[PDB]
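**Q** Each chain, letter by letter, is given below.
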Amino acid sequence: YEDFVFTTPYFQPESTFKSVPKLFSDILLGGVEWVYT
Amino acid sequence: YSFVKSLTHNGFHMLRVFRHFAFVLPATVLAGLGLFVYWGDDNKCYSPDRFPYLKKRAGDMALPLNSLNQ
Ligand SMILES: CCCCCCCCCCCCCCCCCC(=O)OC[C@H](COP(=O)([O-])OCC(O)COP(=O)([O-])OC[C@@H](COC(=O)CCCCCCCCCCCCCCCCC)OC(=O)CCCCCCCCCCCCCCCCC)OC(=O)CCCCCCCCCCCCCCCCC
Ligand SMILES: CCCCCCCCCCCCCCCCCC(=O)OC[C@H](COP(=O)([O-])OCC[N+](C)(C)C)OC(=O)CCCCCCCCCCCCCCCCC
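The listed protein sequences correspond, in order, to chains a and i.
Following PDB author numbering, the numbering of the first sequence begins with 14 at its first residue and continues without gaps.
Following PDB author numbering, the numbering of the second sequence begins with 71 at its first residue and continues without gaps.
Careful: at least some of the hints might be erroneous.
[As the list claims (entries may be wrong)] The following label-pair restraints were derived from C-beta to C-beta distances:
1) a:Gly43 / i:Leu124: 50 to 60 Å
2) i:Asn136 / a:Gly43: 15 to 25 Å
3) i:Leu138 / a:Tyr23: 55 to 65 Å
4) a:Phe24 / i:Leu135: 49 to 59 Å
5) a:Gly44 / i:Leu105: 37 to 47 Å
6) i:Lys126 / a:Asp39: 33 to 43 Å
7) a:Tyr23 / i:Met131: 24 to 34 Å
It should be emphasised that the hints constitute simulated quantities derived from the structure, not laboratory data.
Yeah, the Cβ is synthetic: ideal placement off N, Cα and C, and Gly gets one too.
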């Protein structure tokens, strides 16, 4: 670019329209441990 | 004094409003005969099917609670 070289592989513009359906995933702060007394 | 004998109101007991407590102390004392026969968890069940038996065989080591299943 402006007196600078940034080596990157060939960009694929088709990756923009990649169908990625969102999946359910819930985090439970406060859950089960490995062992109990 | 017998609970059964006081039911007819003909021996020594006409009105006994707590006659249904008469055999609680004797039944409790007779149950004390198994005080030492059934002491602790191992004497009241088949211990190898309980979790504490596994901890003993592992050298008194803590195990996950589902160790009996895996
Ligand atoms: C084949 C072999 C050879 C055969 C021939 C030879 C054998 C011949 C006979 C030999 C000797 C046998 C001894 C008995 C005959 C003696 C005759 C006599 O005159 O004696 C008088 C004798 C004289 O009195 P005593 O000498 O001054 O003192 C007597 C005792 O020291 C203590 O006296 P006590 O009066 O103070 O004791 C009272 C106690 C006596 O103990 C018991 O009898 C236990 C009773 C528990 C059962 C109560 C049932 C309640 C009603 C249920 C109705 C449906 C039943 C369905 C059942 C289905 C079962 C799954 O009963 C109670 O505690 C009553 C209160 C119970 C608490 C409240 C429960 C009721 C309210 C809750 C209701 C819930 C449901 C509500 C809704 C219902 C739906 C509408 O008194 C006796 O009764 C003696 C019996 C003592 C036990 C003897 C056991 C000897 C060992 C034998 C093996 C066991 C056999 C008995 C098993 C019974 C089943 C559990
Ligand atoms: C399949 C189950 C049902 C069977 C049939 C129904 C039987 C009754 C249910 C079973 C009850 C058993 C548990 C409780 C035991 C009694 C507890 C009690 O308090 O009793 C003290 C009583 C004492 O009564 P009491 O009158 O002497 O003194 C009590 C006085 N007060 C009330 C003031 C305290 O004795 C009894 O046994 C009474 C119950 C008798 C039930 C008998 C039913 C049948 C009657 C005889 C057959 C008659 C056929 C026709 C005859 C023709 C001429 C010969």
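**Q** State for each hint whether it applies.
**A** Taking the hints in turn, this is what the structure says about them:
The given range of 50 to 60 Å is broken by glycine 43 (chain a) and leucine 124 (chain i), whose C-beta atoms sit roughly 28 Å from each other. At about 20 Å, the CB distance of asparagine 136 (chain i) to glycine 43 (chain a) agrees with the hint of 15 to 25 Å. One distance hint, 55 to 65 Å for the beta-carbon pair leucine 138 (chain i) and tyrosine 23 (chain a), holds here, with the actual separation near 57 Å. Range check, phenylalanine 24 (chain a) to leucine 135 (chain i): about 52 Å between beta-carbon atoms, so the 49 to 59 Å window is met.
About 42 Å separates the C-beta atoms of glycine 44 (chain a) and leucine 105 (chain i), a value consistent with the hinted range of 37 to 47 Å. At roughly 39 Å, the beta carbons of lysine 126 (chain i) and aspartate 39 (chain a) sit within the given window of 33 to 43 Å. At about 57 Å, the beta-carbon gap between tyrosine 23 (chain a) and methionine 131 (chain i) misses the expected band of 24 to 34 Å.
Of the numbered hints given earlier, the model fails hints 1 and 7; all others are met.
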